[PDB]
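A single chain, nothing else alongside it, follows as structure tokens in the form solved without this ligand.
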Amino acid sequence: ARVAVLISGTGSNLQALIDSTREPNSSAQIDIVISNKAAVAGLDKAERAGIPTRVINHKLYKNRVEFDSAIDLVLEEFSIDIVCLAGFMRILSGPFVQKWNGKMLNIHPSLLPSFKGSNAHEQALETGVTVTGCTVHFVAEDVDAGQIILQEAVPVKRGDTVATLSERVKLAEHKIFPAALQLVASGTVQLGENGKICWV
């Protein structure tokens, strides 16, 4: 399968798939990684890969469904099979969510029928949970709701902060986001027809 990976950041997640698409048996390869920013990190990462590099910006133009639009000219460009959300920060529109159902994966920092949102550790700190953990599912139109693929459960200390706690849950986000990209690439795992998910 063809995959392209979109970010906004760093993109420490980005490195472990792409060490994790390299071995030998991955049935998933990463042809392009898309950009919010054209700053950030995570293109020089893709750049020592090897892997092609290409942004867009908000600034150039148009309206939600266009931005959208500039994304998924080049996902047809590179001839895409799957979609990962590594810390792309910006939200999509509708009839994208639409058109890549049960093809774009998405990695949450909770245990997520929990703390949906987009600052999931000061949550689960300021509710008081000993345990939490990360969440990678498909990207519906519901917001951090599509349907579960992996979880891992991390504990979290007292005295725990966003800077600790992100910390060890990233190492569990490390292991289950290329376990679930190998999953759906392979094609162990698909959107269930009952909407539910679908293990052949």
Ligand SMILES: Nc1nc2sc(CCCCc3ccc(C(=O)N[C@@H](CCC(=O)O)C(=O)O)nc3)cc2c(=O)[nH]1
Contents of the next structure:
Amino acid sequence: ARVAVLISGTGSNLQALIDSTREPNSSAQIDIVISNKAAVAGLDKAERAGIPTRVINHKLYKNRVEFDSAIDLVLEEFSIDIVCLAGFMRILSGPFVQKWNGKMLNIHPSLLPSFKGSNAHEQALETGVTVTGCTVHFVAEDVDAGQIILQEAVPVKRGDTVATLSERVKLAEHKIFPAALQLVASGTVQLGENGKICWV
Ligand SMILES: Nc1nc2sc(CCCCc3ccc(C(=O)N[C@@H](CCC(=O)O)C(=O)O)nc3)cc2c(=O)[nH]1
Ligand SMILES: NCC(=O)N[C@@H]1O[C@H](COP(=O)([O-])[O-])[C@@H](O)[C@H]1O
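What would the structure be for the form solved in complex with this ligand, given that what you showed me was the form solved without this ligand?
Below: every chain and molecule of the assembly, starting with the one above.
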């Protein structure tokens, strides 16, 4: 399966995906890394790994659909099968999400359905949970509302901040995101016609 990773920041999940997909038994190959920000560590990790890169600036497109269309064009040029959102901090349009239904994964730093949205660690800390985690899911039109592929629980420790909790959750993210990509790329997990998740 040919994989595109879309990034926006440091790309520690990108690095985890690079590491696992280079293993001999990987059913996925990362063929392109796409960023909406042109000076991010993620781009450098891709270049270090010999992966082509492309930067798409919203400042050249009139709307989301136009911008996602630019992404989609690069995906088609690279004959991409699967899209991983790895710290990608834009919201995707309906048609783009519709087109990639069942073929786009996202990593979210909470145990969904808890703490949907942008500041999941702050939400978890304000709520007082003692257990949080991360979730790999298929991307649906409702943000953080697609089918769940894998999750991993992570303890919250007294005195945690966004800094320390995100650090601990990310170790978990670096495990389930590669596993999830491997499950989808091998066809072991798929989105069934009923929109439910199938283990084959
Ligand atoms: N179509 C589609 N596109 C996308 S992109 C993606 C990865 C994450 C992108 C960054 C992001 C993700 C979510 C939010 C957000 O909702 N913020 C709320 C917080 C809500 C609350 O507090 O409860 C607020 O601003 O208030 N902001 C930025 C997932 C996804 C998806 O599932 N569907
Ligand atoms: N659902 C959106 C969201 O909050 N994404 C979060 O952004 C970070 C990117 O880290 P990375 O650049 O080290 O992969 C990840 O920790 C991920 O949980």
